[PDB]
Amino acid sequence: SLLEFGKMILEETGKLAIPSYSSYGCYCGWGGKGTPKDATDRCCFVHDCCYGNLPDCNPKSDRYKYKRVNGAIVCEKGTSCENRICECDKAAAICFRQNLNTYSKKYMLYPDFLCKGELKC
């Protein structure tokens, strides 16, 4: 759930998930259409696709446990859903960090009509 994902985001980026990654570009937020606008937006797109591979799970509400070992995020053994969701979240938070150099405020509060089209995954 956002509790765990958000914690990862803050730990990796020094930004609060809401609002730094909740209205950015076409994919960092909710709703899902258009061409990702930059590297950070691509992280989000990949994150959605990652969740998309888990139709029997519910990442909005599925809580899971993760810990830090040797400085790195470790998705603790749980259910298949918990582990897979955790790995999705971990990959995205690290992707956000790796791309902080191009994080652009111009993409925050990004309008709907600038994001058209369906990009299947």
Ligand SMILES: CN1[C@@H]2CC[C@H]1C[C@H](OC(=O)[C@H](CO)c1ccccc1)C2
Given for the second form:
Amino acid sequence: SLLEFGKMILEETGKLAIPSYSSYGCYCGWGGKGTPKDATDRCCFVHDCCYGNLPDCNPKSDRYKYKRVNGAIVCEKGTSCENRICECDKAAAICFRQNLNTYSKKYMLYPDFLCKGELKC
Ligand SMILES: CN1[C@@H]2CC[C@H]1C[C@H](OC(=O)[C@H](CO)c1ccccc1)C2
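What would you give as the form solved in complex with the ligand, now that the form solved without the ligand is on the page?
Okay, now the whole complex, with that chain kicking things off.
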């Protein structure tokens, strides 16, 4: 679920999902179009594609379970949708962590008109 993803993001990065990642660049928090602005935005692009691989799943609301094995995220078995959603979220949280070194506040609340063009998954 979105709330679980937000908790995972905070655990991983030390940043609150809202507002650090809810309106960032062209793909974080609201998706759509444009060339991703930087590595963090590319994490969101891929996360959006990942959810897009699951047409008949409901990532915003469906809850999954996971544990930590030392720092590692381990998705625990639930329904097939839950397992796949968890793997999408885990990857995005790791990606955000890997790209904190280039996170830029200038991309928070990024305006929609600066995001044009389709980028295929
Ligand atoms: C799980 N749902 C999909 C359709 C709305 C959502 C979120 C999707 O893509 C996103 O993760 C983005 C954030 O990057 C998002 C946009 C708008 C609302 C919630 C999430 C796929």
